[PDB]
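One chain comes next, on its own, written as structure tokens: the form deposited without its partner chain.
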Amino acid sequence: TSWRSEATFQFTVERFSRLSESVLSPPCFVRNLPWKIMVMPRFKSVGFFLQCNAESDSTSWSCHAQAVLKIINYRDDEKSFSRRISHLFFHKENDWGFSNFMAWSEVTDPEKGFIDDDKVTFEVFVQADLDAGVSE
């Protein structure tokens, strides 16, 4: 259900080499809030952020999350590149991630295993509000 406490979801960006703007993945619900992967070029590195409830018109929400942002390596998963984040998402800071997740030249290098048919796959494993739960 949308009330699950954790989830893993991927977002593939096609024609990556041509990417000239910021793109958003469709939503993945965790603890009933919409989480999305945000990717964009940064001045060259790949910007990779996790967004939560960005379209809410209320300031009365929060999500204490721990997540792993990863760019998958089709050839050898052991070679996929990951970075962890920990953040209390709320209206003033509803996305969190790395403006310099990886060098653009390193991710687009066809001999590195992060791009196939000009496609790069981003993945996020997110756990929300695990500090909250039933008393027993």
Given for the second form:
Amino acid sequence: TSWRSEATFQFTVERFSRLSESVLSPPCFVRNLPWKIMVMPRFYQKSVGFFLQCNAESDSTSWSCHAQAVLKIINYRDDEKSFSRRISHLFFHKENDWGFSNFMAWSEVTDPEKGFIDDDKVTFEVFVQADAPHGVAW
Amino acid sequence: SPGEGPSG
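Having displayed the form deposited without its partner chain, please output the structure of the form deposited with its partner chain bound.
Time for the whole complex; same chain goes first.
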């Protein structure tokens, strides 16, 4: 159920090579809160920005939830070549997302020989393990 | 660096 303490969810970004604005997945409910994948191009050389967002729409300022997560870009040819990074973060209203602005090089993820992109689609996955929240279910 | 942190 939505009260579960962990879940894995995926979001496939289409027309990936043409991405310009941040894109957001539908919510996955864990600890009864909505978690989402956020992806955007970033520049510093171009990189994939990949973030996990928690409970961002709520106007509450009382809530918090600590979670650990694995953020993964799927390699569709060989899951052993999928690329992942781990985070731990206390999510709350003023810091409702966390991840990596330079998760991977854009030129690598979009390289058709590497196995992450197919039909201009790239799939992102999050495994999130969340603690019981505070300041929500009183 | 992988740029760990918030999106904004």
